[PDB]
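Listed next as structure tokens is one chain, alone, in the form deposited in one PDB entry.
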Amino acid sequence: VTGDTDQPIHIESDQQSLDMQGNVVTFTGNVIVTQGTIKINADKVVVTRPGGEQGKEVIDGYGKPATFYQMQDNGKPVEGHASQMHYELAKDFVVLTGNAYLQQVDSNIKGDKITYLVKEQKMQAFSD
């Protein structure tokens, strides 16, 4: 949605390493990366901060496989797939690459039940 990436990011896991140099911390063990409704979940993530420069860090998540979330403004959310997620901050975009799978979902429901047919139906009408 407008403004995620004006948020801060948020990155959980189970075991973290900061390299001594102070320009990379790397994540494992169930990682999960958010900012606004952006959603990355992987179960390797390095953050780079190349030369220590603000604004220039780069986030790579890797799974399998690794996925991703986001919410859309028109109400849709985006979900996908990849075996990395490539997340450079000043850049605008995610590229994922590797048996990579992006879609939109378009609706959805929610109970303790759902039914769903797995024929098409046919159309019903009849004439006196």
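Rigid core (definition): largest C-alpha set, two forms, superposition within 1.5 Å. Residue numbers count along the first chain shown, from 1. Compared with the form deposited in another entry:
A movement of the C-alpha atom of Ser107 falling short of 2 angstroms is seen between these two forms when the two forms are aligned on their rigid core.
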Contents of the next structure:
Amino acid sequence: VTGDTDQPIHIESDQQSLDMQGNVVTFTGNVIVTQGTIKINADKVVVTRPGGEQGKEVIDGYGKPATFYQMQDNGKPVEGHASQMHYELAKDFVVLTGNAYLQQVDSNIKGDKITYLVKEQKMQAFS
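Taking the form deposited in one PDB entry as the starting point, write out the structure of the form deposited in another entry.
Left out here are the partners and the other molecules; the chain alone remains.
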């Protein structure tokens, strides 16, 4: 949605490690990256701030598959998965690489208990 890319970025993971020079942080173990309604799930996420300039950070996520989610202004969520997620903050887009897939949702329902009919009968034969 409008404003997502103005939101702070939140990362949660089991493990976290920094390199000595200090410009690369690695997250492993059920990593969740959120920014507004954007959500990325991955097994490993590397966050590079090249040259230490704020605003030029690069987020790389890897999983089998890594997953992507964002709500759109028209109210329809977008969901996808791929082996790699590439998100350059200075750009306005993400890149899905490796068996990449993307979908749009036009209807959903939530509750404590949902009953769904699995039997459809578009045609019937009588003999």
